[PDB]
Structures are given as structure tokens and as C-alpha cells.
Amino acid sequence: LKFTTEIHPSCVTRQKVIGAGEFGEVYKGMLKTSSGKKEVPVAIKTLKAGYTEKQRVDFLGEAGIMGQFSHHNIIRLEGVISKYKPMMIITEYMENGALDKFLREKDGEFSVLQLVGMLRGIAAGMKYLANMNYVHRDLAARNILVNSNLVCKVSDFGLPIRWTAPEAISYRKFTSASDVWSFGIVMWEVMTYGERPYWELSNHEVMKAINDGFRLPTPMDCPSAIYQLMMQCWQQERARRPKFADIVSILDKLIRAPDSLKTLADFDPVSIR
């Protein structure tokens, strides 16, 4: 297993709170590295006093998982503070935060090519994860982070019906192929600027629609090839779904011949006459 750096508390400064929970908080801060020669912005997640053994195992387990990975589209672990309390996980700082929230605050502002490029990055991260024999099980735009350069990184590895493939819902059969289903939902989240999958439907109503063969309709301004790809991610029979390598390849081919993205899937209308 790859080595997780134990960071000395004197090397970490917390500057601003960016989120809080029952278990602890997430801060923006700075990390001194390379034995004082380098300083980088970081995110810092804490586990505050009173945490249980299960909470510790999950908390440091996520750091141990993250530390195994070295990929452009996976959040980088700087290290952990475990010898002192409160314990901390320290990652690179992603300036634009969670992808779903980011897109909802930037509705309509990106090009189709930019959105497809975000999906290519997420797909490359997922291909890496799956190849490393990791199943994410909770892939959703809320677990993707975005930096100032619009690079998207798979970010939350702690482990939600409407992102989950039918065989994972009904049989707990979580695999890379059920992650591919989830990726298809993420494609829809991105192309809609963070719409809620299935809108007002309840979890039971989503299960009803999907098992009857219903699938999410096309986003507005969505290339036909992109809608076709997310539909293939939602094949009921998992063996018929693309592998992440197929997804990355298809997205690459579309980006390299961008006029291919100008053929749009029909956005089915509300009658205004």
C-alpha cells in the first residue's frame, strides 16, 4: 500500500471554514511542505473529539484509499494528522467546490465542449478507479470537485437511489458496471447544470420508472452522441453498458472532431403557441 504522509500540526494553518457537520468541519488553509521550502493551499477535514471507533475507521480509511491514487482527475491527498487531535485529512484545495453546486450557480454559462471536457475528466478518473479495482458506489456530481481551471476530480471516497443501478438497488451488486450507470446520471447532471435527477419523483417512483424502461429525457442543448452515450450507461442489463475505457474513448473522439457535437438530440418541450 502507498504511504500516507503524517503531517506535523505546526505545518498546517486553518484560515476559513468551508463546511461543517456533526463529526467535524472542513477548512481552507495552508500547508508547509518540502521541509519549509514550499507552501500550498489545502482543504482540511477534521474529526472532533468524541468520535467512535467506526467513525475513526471510516475517516482514516477514506484517507488511506485516497492515498493509493495518483491521477489528474482524482483529488490529491497531502497527508493526515493522526498522532494529534483533532485528527485531520489534508487534500489539495479545489477553488470552485462541488460540481453540482458549481453548475447550479453557473447555469447556461459554459459551452457544450466545456461540459463534455468535464465529463471526459470525470470518466478518466473513474476509469483509473475501476482499473485499480475500486468501486465507488456513490458517484454523483456532489462528490466531484472543481478547481479554478475547471478540472473535475473524483473527490469523496467515504463509501442514494436515483444515482444507483437497478441491480445494486435490488441485490447490493455494486461493481464498476453499476458505477457506469451512475456516471450516466452524472452526465445528465452536468448537461443540465445540476438538475435533480427525475425531478419531483420519490425514490419509489424512480424505481418504478426505471424498471418500466423509462429513462431521463434529454437535457436542453445536448449533443445527440452524448445523450446516446448516457442512455447506453443506463442499459438494464449490465453487460450491455460501456466500460469506462469505452466512455473515455468515445468522449475523446467527440472532442477531437468537435463538429460531431453540433448534432443535438431533440429537446422535447410545455406547449406555447
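Residue numbers count along the first chain shown, from 1. Take the two forms, superpose them, and find the largest set of C-alpha atoms that agree within 1.5 Å; that set is the rigid core. Compared with the form deposited in another entry:
- Superposing the rigid core between the two forms leaves a single residue from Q55, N211, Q228, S70 with a C-alpha shift of at least 2 Å: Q55.
- Remark: with the core as the superposition reference, the CA shift of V248 between the two forms stays below 2 Å.
- Once both forms are overlaid on the rigid core, the distance between the two CA positions of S260 between the two forms is under 2 angstroms.
- After superposing the rigid core, the Cα of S176 is displaced by less than 2 Å between the two forms.
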Contents of the next structure:
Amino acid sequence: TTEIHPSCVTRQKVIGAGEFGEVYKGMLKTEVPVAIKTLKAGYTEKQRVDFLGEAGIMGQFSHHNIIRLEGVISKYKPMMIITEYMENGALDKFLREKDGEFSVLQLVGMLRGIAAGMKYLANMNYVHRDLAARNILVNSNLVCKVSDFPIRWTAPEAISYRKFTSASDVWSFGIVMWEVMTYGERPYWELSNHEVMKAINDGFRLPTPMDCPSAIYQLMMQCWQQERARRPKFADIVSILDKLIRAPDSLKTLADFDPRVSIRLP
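Starting from the form deposited in one PDB entry, produce the coordinates for the form deposited in another entry.
Next comes a single chain, given without company.
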């Protein structure tokens, strides 16, 4: 793993909180803006294992749609994980702040990216477990990168008996699809966590977003199959989203939106 000397790192502002440290924005000389996760004095043995273990696996990943590791500071204290900085931040907040500002093709393109990075993770035998728009970062080319800094996002088997697999990630990716196409709406709106699980078990599923291609709704619906073996694999998801994008007239057929309010005018 690329070891970085602390003299090359300039922390500037705090932007979040880690396991046992803060997360900063800063500069890296070799000047490149970076995000910095620190492990502060007093960390436990387990925290160090997880911290440097996160660094190790990130260093193994090399994919367009996975956040890139710039390097690590492990020979000096505080220890640091240093990644590329993504100017547009977390996808959930991004979309909520840019409601209606993109084309359907752009939105589906985001989803293709996320799916490509998840296919890569799943093939590397990495189970994310917390896939959600809030863990996806967006750069100045609209490229979405899976990161890892959730009842409503979690497959039934992962909730019920903690079976977390790439197939439970697929369920979550279904929910991310809906997040994207709704521009960051809260999945299941104000339903409580227990009402969500009850709804799912009862067989209900999130309704179609407004202005949503029929193909895209069909795909998220198949990510939400109760039977884990029936869900698409990420290879299936990437393949469909790539074909839809490359034949973009396919996205013009829209699923019917179920109106929650009727407005009558002559």
C-alpha cells in the first residue's frame, strides 16, 4: 500500500467523524485535494485492525466506480487513510439539492456506474452491507463511486438473520435506483422501521417514481424479490443498464405513476 509522508498532507476542514478520529478535506503534494480519515491516539487494537484493514482492501480496489485510495499514513501518528476528493459529495444530498436538474439518461448513467462498481466489489468477494445513496460520492463528471464511510435499505434476510451477501446488496441497489430516480426521496417516507419491515413482509413494495422508465422500475422491482436466489446478480443489472443506455429510446416508455392526490379542473 502506498505510504505517504505526513509532510505531504495538509488537513484543512473537518467534514465528518470516523470510528476513532475525524474526517478532513485537505491537500496532498506530489497539490491534489483529498479526503483524510484519521485514527487518533488511544485507538484500540480492534480499531487499528479495522482501520488498516479498510486501507488494505481499498488499496486492492482499482475501478472507475470505486473510490480510489491515494495512500496511507501508518508509520506515523495519527494514522491516516487518504482518498481522492469528490467535489459534489454524497449522492443523496447532491440529488436532493439538484431536484429535476438532470435528464433520465444522466440518472440511468449514474445507476450504471454504481452497478459496475458493485459488480466489481461482489466479484472481489466484498460484501458492502450498507449500500445507499449516502455512501456514493459524485465527482465533477457526474461519475458515481461506491464508498463506505439501515433497515429501509436492507434485504429481509440480512435484517431477519444477518445473512449479508452480494444478493442483499442487490436489494439495496434496488433502493438506490429508487433514490436516484426520485432525486433523493426518503424510502418509504414516514413509515417507521417496523412498519417498513411489516410492509415488505406483507408483500408491498415502493411505488414507481414520477417520470421513471418502465424498464428501470421493472429492474428495481426484481431487486426486491423476497427470495434471494431470484434476484438479478450485479452482472445482470450492469448488462441491462448498459443496453438501455446504448439504446436510449428504450428509456422513453414510462411506468405509470400512481397519483396520491387528484386535482380536478374543467
